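One chain follows as structure tokens, the form deposited in one PDB entry.
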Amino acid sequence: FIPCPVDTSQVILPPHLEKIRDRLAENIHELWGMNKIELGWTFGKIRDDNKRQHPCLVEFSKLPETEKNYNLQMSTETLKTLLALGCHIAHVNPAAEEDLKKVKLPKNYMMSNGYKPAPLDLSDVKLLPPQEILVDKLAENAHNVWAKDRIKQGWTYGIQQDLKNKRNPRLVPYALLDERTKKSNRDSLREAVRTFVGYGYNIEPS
């Protein structure tokens, strides 16, 4: 198994896109924090996988640096991937960031750190068919960018996951991957494109 994604080396990120790169990472983390509470997890300072405690379920500004850069790099690689495919990212609607409210969840979503997930309310954002094929294609690539970095840290396949060896049952080709995870990647990058549009960006191939 060889996870080779679209080559992101012959690509640079213009400084005017660094703004979305920062906000895109925030929203992607907000969506993660919500889904994690939605499935048995809570806040903690000493991670114990059996107790469902997590230190990363905090606001984007309070994250540790090791996990933080990974969220900014993956966000930067996502933008660069669109550029490597021949698509452009450009601001057109200047009032969209002001007309971008955030989702507010029930009271039970607040934990012992003062953090309560508040992703952007992007439910009223519609995508054209061409942008759907992009999100589906971007999703398969996000699996490869994740799998390549893990592989060089020694991560291979293993029936049981493990935070102390390089084992993970999802280190497999996108075809041999459970459709739940495949759909999860598509949903994540569907909001990624909606995050751009929510800030006033038009995605358009050259």
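Think of the rigid core as the biggest set of C-alphas that the two forms share within 1.5 Å after superposition. Residue numbers count along the first chain shown, from 1. What changes on going to the form deposited in another entry:
- Superposing the rigid core between the two forms leaves a single residue from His143, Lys36, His54, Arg167 with a C-alpha shift of at least 2 Å: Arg167.
Show the other one: the form deposited in another entry, since we just had the form deposited in one PDB entry.
Here you get just the chain by itself.
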């Protein structure tokens, strides 16, 4: 397995998309905590897999920019993958950014940091069927990209994951992956294109 992702080598992000790139990476983390908290993770000085404790389970801006600019980066490439696939993104709708409301999580989510995630309630943002085919590409590119950095880091495939060694159970082509994760991946990137709409951006090629 060698992942061959889309060549974003020549795409350059325009400055008017800095806000939406920033404002998207802000929500990808709020979904991250929410999902971790739903699996039982808590806050800790450093990550503890045994205790299920994470240090980066803090407000987005408070993150270490080493582990924080990975959000902006992994999201910057998520916008630069759209321009490559033929789109152009334009902020056409002014009124969207005000009706935008964030989810009210139950109070048991607030932790030692007094921090409770607030994902966007993109409940009614139902993407047009053309925008669904787009997600399946991004949902697939996200795997080939994530696996591409793995092999350069040195990683290999194992029966189950060994955190110490380079062995992982999901360094396989997209065809071998499980339906649960394939949908899990596209569940997030569906919620990402929903964010461009939630702020009023048009995902239309000319």
